[PDB]
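> Okay, here's what each chain looks like letter by letter:
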Amino acid sequence: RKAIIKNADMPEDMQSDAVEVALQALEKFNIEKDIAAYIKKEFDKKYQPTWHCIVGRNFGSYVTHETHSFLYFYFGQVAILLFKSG
Amino acid sequence: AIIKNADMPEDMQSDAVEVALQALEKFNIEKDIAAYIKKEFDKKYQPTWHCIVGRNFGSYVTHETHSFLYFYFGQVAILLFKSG
Amino acid sequence: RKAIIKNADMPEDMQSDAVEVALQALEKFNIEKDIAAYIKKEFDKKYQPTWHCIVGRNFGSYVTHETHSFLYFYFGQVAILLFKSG
Amino acid sequence: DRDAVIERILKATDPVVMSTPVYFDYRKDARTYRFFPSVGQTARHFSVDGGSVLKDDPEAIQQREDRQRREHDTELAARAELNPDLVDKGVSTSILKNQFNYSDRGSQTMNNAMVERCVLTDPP
Amino acid sequence: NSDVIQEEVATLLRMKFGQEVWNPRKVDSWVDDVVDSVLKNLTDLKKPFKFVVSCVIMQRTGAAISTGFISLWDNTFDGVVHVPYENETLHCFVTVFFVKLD
Amino acid sequence: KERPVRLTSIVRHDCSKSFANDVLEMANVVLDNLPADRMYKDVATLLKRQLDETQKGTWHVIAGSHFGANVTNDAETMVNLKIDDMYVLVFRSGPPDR
Amino acid sequence: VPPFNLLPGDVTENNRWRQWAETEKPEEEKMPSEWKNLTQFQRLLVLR
Amino acid sequence: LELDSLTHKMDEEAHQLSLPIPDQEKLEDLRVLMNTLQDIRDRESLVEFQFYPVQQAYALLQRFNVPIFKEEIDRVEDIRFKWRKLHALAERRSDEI
Amino acid sequence: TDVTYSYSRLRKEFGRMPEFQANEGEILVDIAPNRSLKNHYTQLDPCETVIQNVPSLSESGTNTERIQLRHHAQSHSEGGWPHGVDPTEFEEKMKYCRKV
Amino acid sequence: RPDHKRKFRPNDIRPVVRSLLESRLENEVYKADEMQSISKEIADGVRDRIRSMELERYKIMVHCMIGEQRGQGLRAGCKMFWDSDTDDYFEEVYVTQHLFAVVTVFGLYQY
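Protein chains in written order, with PDB author numbering: chain 7o, 5 to 90; chain 7n, 7 to 90; chain 7p, 5 to 90; chain 7h, 29 to 152; chain 7q, 15 to 116; chain 7r, 19 to 116; chain 7b, 3891 to 3938; chain 7e, 1113 to 1209; chain 7g, 2 to 101; chain 7i, 14 to 124.
These are calculated hints, taken from the structure and not from any lab test.
Have a look at the derived ranges for each label pair, beta carbon to beta carbon:
(1) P28 (chain 7i) x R116 (chain 7r): 49 to 57 Å
(2) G32 (chain 7q) x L25 (chain 7r): 46 to 54 Å
(3) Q96 (chain 7h) x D61 (chain 7i): 53 to 61 Å
Ideal placement from N, C-alpha and C gives every residue a C-beta, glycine not left out.
Let the sequences and hints guide you as you build the complete structure.
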């Protein structure tokens, strides 16, 4: 499934992994709430967890965050945000 | 008012309501209003808090107790949770 | 500038000096390590070695000290600990 | 298409430095977050502090003499403790820091437990 | 000609390293200074060349060092220059590789 | 009881690597001996007590998640441990002769 | 006592005092932070 | 129960440490003074975490307007100041010992 | 404030075959070590250290594209009239009446 | 613009370099001729591994400094003249009881 990802400050292998995980999350779940929950659980289980995930259609978000720990991208009309905050 | 989610004291519910209303009154840009909320709310009660503005979206966050709030005015939605 | 100090084995002139030097350190420097460096160098230069400082937002201590040369306090969301040992 | 003029630019900046770190400036009037004035594009790669100072450093000489003074005070207090009349004669003792010249400190920073919560955005 | 090039870089090294002693608190000052100076020189060049410069500063305590470098370029147009600097207190090494653009 | 997979690393040291490793497993032993609800003060107390038992003189310990240190340290005695969310610093103080 | 000269200290964090002021019949309860060591006459002055 | 337990225990502990020492004291309480002062020290690092929940207990009590005698509320404020005098007492006793 | 050297090339020039050549390196021997400088030097009696465990933080912002909003007005009380005629005043509708 | 399927990626080269350096430089002793020989072997082997992983339209340069450590400071820095979108670089330093070695791997794209 096609996606547009140009907002990141963080390594490309892990952005690829996050984008892939979001792909299977969208495939399994149709509710954005459960999509965010699944992305959070998988990504927190596999890397060091104080992560945070936001799904939206039109909203406003921005955060102070750990360096090299921030990601924001799109699936067509939906937007996804993932940042470290602890 | 339309206030159904809270882990606040009553005074914090209060001053959150006034700061959100006054930000909405001044500005219409989401960055501008969320900027006012985050920086002013940090000014008064210390790092590190975070607020989210949006009309429709999904989010799942982590916080300590008495450090979370969720509320509406018309067609804008506000999260306010502490982290760090 | 509102500090609630509840830990001390060191006289009041030195505790006022410590409060003042912490204030001017916060006024001059920006990073916690720089603040600690300034405080520690100031006491070591002005009342002779050896002193030690720790600054923190979340830490736990268990340290042997020397008499009448100890102080610890909470300032907002930060904690300051000073002790002479040597 | 093949006759198009294409320009390329070469640079000395660091793409590893692609985020601007902040610090909380704790001014009484500010309470702010502030960016650093500049992050040097000159990359830092490897570092060792170093542990060598030549013997002729005045500070090193002073501290070395301080160490001899410390050990001399150590045997001074040792024989003063062994022969109690020397303490009356004028030899210091507190330099031998015993269990009654020492004590232990220990403290905790208070914090509050984290919890997990969810909210839902109802349709208008 | 790289003779003139090593001439100005040697002047640069001696003028910014001929009047001090090793001091860990402030070596980064000369680091940034020589970085800016040689960057300004390379900018003044405007040659169609790609530049790779490595500068290293060492504390002199009798430590030995070697200057092994390897080439994988065309020597017809590309080139290498290395300049050391030493005193009784410290050491510095600069190596520059320039490759003519394709 | 078998030790679970803990993310362990040691990156800051002037001491001997063997001593750093030894400090690592004694920290692991202290953590294992501690009950379920760990408390950083108790971590520090038991770690320093064990260090004073196995080694002469006086050491000092700080342990937490957010702090920063500046101390006068004895040579080759200065250790930071990374155990999951644990930032652990231990250092040394010069003893007199007895 | 010196805090008669140091009223601004209680002004800085004047909490239990305006608790007392809010309380009714204000001579049957005395604010306890060492101002309990005050006699009836000085209590009369501060009540005035 | 929790309140008066801790308050009275501190009360008799302060009373028993308030004992005086005249000139040229004998050789009997040397063990006792060390242990008492070290007990004060050892609890000092932990008292504030047990002062933490006691205030919120009475806060939750008053927040649903339960009838409480006024003097007890006066006590719990004073316990914050009651521990203060022991610290200075502890240090002067330490200096004289 | 950065190096901004720019060079120009043609589109057809990017299709050239990449050039690679086999080469070897070189080395120069110098600076033999000596124990005497170490003898003049000495190791550091108790040292100073700075240790930080504050993880690095930064600030960021994420937007979404917005639907732009403007304003316009309208009214009608003169009925439907041809586009070339303005019913604001009288003589134009009069000459249109002679036409019709 | 270069194709992504053959773009330079250091996230796999750097672990390989670290593992190989710690495997072969674990317990070396001091003698100048054999540090020279092993440094030449470092250069050759690193470029053999790189040309085995087979970059296309990329030039890779490896630069290696060697020194003897006794508890003394050193300031390591590098710079190039290059473009942020294509070219890349990374570092690795090993320190043992006898010596310290610094290797720099620099990758450039051919237009």
